[PDB]
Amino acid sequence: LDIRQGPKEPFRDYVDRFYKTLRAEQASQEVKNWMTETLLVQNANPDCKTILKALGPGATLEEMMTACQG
């Protein structure tokens, strides 16, 4: 996963690039979930990454987008 959130890139934009790479692999829902729990959080910028980790297990993409909106 080459996609990483720029320090000034809105989270939703990063999410869209991330999902574009994910779609290329025709990932299942299970894989999509694993990727959202791991790489999406791990590849987020400093500001966002901290917040996203604070959400805890099972946080949804929706909850992550809300947490880092702007």
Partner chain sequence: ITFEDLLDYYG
The other form holds:
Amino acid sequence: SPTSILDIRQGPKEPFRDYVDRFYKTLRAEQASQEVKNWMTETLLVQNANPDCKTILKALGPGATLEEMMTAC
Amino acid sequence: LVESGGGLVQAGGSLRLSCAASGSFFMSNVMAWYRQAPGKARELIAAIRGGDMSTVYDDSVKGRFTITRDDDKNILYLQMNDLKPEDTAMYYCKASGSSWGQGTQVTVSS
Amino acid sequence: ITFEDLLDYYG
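Please could you give me the other form, the form solved in complex with its partner chain, since above is the form solved without its partner chain?
All chains and molecules follow, beginning with the one already shown.
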């Protein structure tokens, strides 16, 4: 507040739905183009999830929807 | 963390910013340059990711600025070409979990 | 996931 999108990481006990909401709000607050925000989400969202969730999300493979990610965790 | 390369230049001029940092900074997959002009919120203008070396730029810096990372020296760069008066601001480098630095001032006349 | 996906998901 203001936090860089680079610093948003899922806590060890943080539910994935809470982390995605925190990530979304932080990125909304960032002063950047839609292109930069898209690149940031593609690069950081799964990468900055906690190791337990990251194993689950990566197993879904590329192109998984947010709905599918929510129903996996 | 050492940020430098800023200074006073005329419109159409060039500068190369350097972000010399620790190994911990360079463990971050994503690194970015932020621009902050007086009385304005900071803007995410350029970013790079480790491995494939993919980059992204804000529309206001396309075809003028280039972000590069030297993993052998742990230095993040921002090559700024065809500088415009609107580029006048404090420039900051950022990585995941990194402490903000002092920034470096870029001032463009005309 | 893109930022546009997040905008569409949350509204």
